[PDB]
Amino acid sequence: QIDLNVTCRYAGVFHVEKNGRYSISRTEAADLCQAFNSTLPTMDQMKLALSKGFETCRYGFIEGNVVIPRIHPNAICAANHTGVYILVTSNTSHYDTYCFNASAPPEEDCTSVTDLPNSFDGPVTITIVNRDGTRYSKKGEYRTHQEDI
């Protein structure tokens, strides 16, 4: 079983956390976004999302970097920084991910995610968990690198 907690989309950008813990490698992140018919966001896509209301208190991959979007300063979320905070120094390699779906609405979309449209055949029960608790499950796989499995 894999549980994927997903946020609202902001100009197509959303956050995904796997199994309630920082647990996604950079290769898994890319695979996960693809399974959502999405891509790792660019910095510019993130910046537009943050301008529309997107913030989290989680490190996650984008294309090229690990970031936290911050609107309000909070001392335990990117050490009180605002903006798209870029992680500079870390020993470790596993984070959450962000994803970008170009077909999402242009502003804030807090409707539930109901589908992992490009997951492939496989043995895993994958459950999408929305913040309101609504869940969607399917049997499949999305990880293409053996080292991530």
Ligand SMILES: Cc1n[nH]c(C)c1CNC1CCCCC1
Given for the second form:
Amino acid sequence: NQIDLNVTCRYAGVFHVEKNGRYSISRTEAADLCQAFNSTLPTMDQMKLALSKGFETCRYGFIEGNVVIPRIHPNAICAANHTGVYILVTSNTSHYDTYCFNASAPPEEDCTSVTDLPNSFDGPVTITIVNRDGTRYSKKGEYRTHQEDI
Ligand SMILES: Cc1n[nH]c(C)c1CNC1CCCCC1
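Right, and the form deposited with the ligand bound of this protein, after the form deposited without the ligand?
Below is the whole assembly, all chains and molecules, this chain first.
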């Protein structure tokens, strides 16, 4: 009973979270997951400011109201070579990664590791935060409040 959560640097408080190395988060699970990090789904304005500070990924993830990919450098296999906050328009499917926004984070690039999941609740799952540099933090708990996500 284990969940891996791969996380990134924070840029103006915004970061990316991928669950179990696959697109596997529903919109309801995404909001609950950000709440476990004392965070919220970013607004489009919050995401645009993060992009301006150096944030980019090559993965679709929820923000408030849309599924997006922030892009700085054009790459043919990431958001069809677009730059800016690329918005997913047409998809059959509902599960993505998520972005999260922590208002208490530094204002610009914070590429220190994440060493806590401060607002997880009591539960039976071994949850492991995996940083890009491989460093890990694990704790037993739960974050999902909707049954259809478990
Ligand atoms: C700076 C830092 N490293 N690990 C932890 C925990 C913290 C405090 N802020 C984090 C920021 C991203 C969401 C979770 C909370």
